[PDB]
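Since the structure of chain R is provided, determine the placement of chains E, C and S on it from the hints.
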Amino acid sequence: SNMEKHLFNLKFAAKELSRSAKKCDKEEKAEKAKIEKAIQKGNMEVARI
Amino acid sequence: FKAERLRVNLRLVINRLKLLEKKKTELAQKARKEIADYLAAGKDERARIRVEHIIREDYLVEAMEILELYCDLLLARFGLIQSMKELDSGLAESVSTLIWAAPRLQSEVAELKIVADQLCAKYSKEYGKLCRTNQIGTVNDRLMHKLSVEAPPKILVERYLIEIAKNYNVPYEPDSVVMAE
Amino acid sequence: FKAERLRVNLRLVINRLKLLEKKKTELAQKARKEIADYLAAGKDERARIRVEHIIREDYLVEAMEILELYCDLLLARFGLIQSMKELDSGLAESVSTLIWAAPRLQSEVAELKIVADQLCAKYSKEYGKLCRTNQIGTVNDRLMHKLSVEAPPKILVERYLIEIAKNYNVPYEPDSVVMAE
Amino acid sequence: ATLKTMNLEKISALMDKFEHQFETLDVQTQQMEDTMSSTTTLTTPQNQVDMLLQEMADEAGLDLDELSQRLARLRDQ
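So the sequences go chain by chain: R, E, C and S. Using UniProt numbering, read the first sequence as starting at 2 and increasing by one per residue. Using UniProt numbering, read the second sequence as starting at 6 and increasing by one per residue. Using UniProt numbering, read the third sequence as starting at 6 and increasing by one per residue. Numbering-wise, the fourth sequence is residues 101 to 164, 186 to 198 according to UniProt numbering.
One or more of the hints may lead you astray.
Straight-line C-alpha distance at most 27 Å; calculated DSSO-like pairs for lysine-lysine [said to hold, decoys possible]:
{"#": "1", "chain 1": "E", "residue 1": "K118", "chain 2": "E", "residue 2": "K90"}
{"#": "2", "chain 1": "C", "residue 1": "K127", "chain 2": "E", "residue 2": "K134"}
{"#": "3", "chain 1": "S", "residue 1": "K110", "chain 2": "C", "residue 2": "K29"}
{"#": "4", "chain 1": "E", "residue 1": "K35", "chain 2": "R", "residue 2": "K30"}
{"#": "5", "chain 1": "C", "residue 1": "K29", "chain 2": "C", "residue 2": "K48"}
Just the calculated beta-carbon pair ranges, DEER-fashion [what the hints assert, rightly or not]:
{"#": "6", "chain 1": "C", "residue 1": "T30", "chain 2": "E", "residue 2": "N139", "range": "54 to 64 Å"}
{"#": "7", "chain 1": "S", "residue 1": "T105", "chain 2": "C", "residue 2": "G84", "range": "48 to 58 Å"}
{"#": "8", "chain 1": "E", "residue 1": "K90", "chain 2": "S", "residue 2": "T139", "range": "43 to 53 Å"}
Calculated directly from the structure, the hints in this document are not laboratory data. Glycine is no exception: its CB is placed at the ideal position from the N, C-alpha and C atoms.
With the rest of the complex left out, here is chain R:
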């Protein structure tokens, strides 16, 4: 009933937060690589951001 669908929504939001954390992790990796490839060219502010 209502409780069942609400539970489904809860678990959906849970795994959504999980996959969002994974997305943020891979984005962190990508940014760490971009800063590596940018600092080589002598950009200090770009690396900082």
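Okay, now just chains E, C and S, sitting in the frame of chain R:
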């Protein structure tokens, strides 16, 4: 009045003060860099006013810490104050200080105003829109001074500048006229 | 009056003055080249008037810096001035100078006019459309001179020309009549 | 027709208005910069990013709390 409302609002004030304290600390750490930079570019009085902002913010942080302490004390003795009609000697200072600071921090925190209202509508002896103004003459002096609005002493500002210049590895020539007095 | 409006407008004035200072500096650096070129092509009085523009712009920059200093001081002591009805000795100079400079820089910056209005509508002792004209006789003399409208001394202009010619690696024969006096 | 309609004076005024408008837009951007930097400050400390930059600089090979406690000491003084 409603007591559970007061209890919940006290907890909320505690949490909000914690978060705001952490945030103010971070902002101060980030602004000290700007102060150093201004010091490292000729501008001296500018950085002086900036560090004035900083010390005012830090006084605010300390006042919020003390206020959180008093709020937690009140939340602890809630069971005691919920029964008695007249406050005791232990809660007098806390209540007075909190009611006096409510309109001061009403912008940063809103629940504090609701707390003050609940305490005003709860007590009647020297409590009210006008009775509180006269019965709040026993608030904490330390917090009253920290939360006051007055230009700090120039010697303290000069010492802050000296230290901030020392830590950030930059020079600074403090005015002897201030260092002497 | 509205105080938060004054506070926000002060912050905006600070930021706008910062940006305008940086921009004026860049423009001066870019125009000194043109001055040198004019010096390197016979034209001497032309470059003289150009450097006159430059020194006027630099005076404007310095005045804006001082004005930013006073605005930051006011933003710091806002808590103090928001309560008291009569200004103190520390804010008197700042308020006077700012109200006097508002109509001067009303074109470059607009928020400054709003600040001046808020301060005028806030005070009543020697404040108003006419009372301010007489009560603004305690403004900063340095800023008053920097922001004034008068032909700078020809010796200063000649020295600026000499230096700009030296840096850009170009010759310049300053008039002995001016170098003597 | 065009020059009579769009004269030089009108051009100058319009361009000055353009310039001032976009200066105001810069001010707006700076205001938003300050606010967004203040808000997302717990999720983006300074010490952490500094340490990361120093480490990654040492890697790529190129050079670039007690403070508050002492300030507290001064406050107590």
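Evaluation of the provided hints:
Between the alpha carbons of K118 (chain E) and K90 (chain E) the distance comes to roughly 21 Å, so the proposed pair stays at or under 27 Å and holds. Note on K127 (chain C) and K134 (chain E): the hinted pairing holds, with a Cα-Cα distance of about 26 Å set against a maximum of 27 Å. For the suggested pair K110 (chain S) and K29 (chain C), the alpha carbons sit about 24 Å apart, so the restraint of at most 27 Å is met. Only pairs whose Cα atoms come within 27 Å are accepted, and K35 (chain E) paired with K30 (chain R) is accepted, the gap being roughly 26 Å.
Between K29 (chain C) and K48 (chain C), the direct Cα distance comes to roughly 25 Å. Compliance with the 27 Å bound is thereby established for this hinted pair. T30 (chain C) and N139 (chain E) have their C-beta atoms about 57 Å apart, which keeps the hinted 54 to 64 Å range intact. The beta-carbon spacing between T105 (chain S) and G84 (chain C), approximately 54 Å, falls within the hinted interval of 48 to 58 Å. Checked against the given bound of 43 to 53 Å, the beta carbons of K90 (chain E) and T139 (chain S), roughly 44 Å apart, stay inside it.
Of the numbered hints stated above, none is contradicted by the structure.
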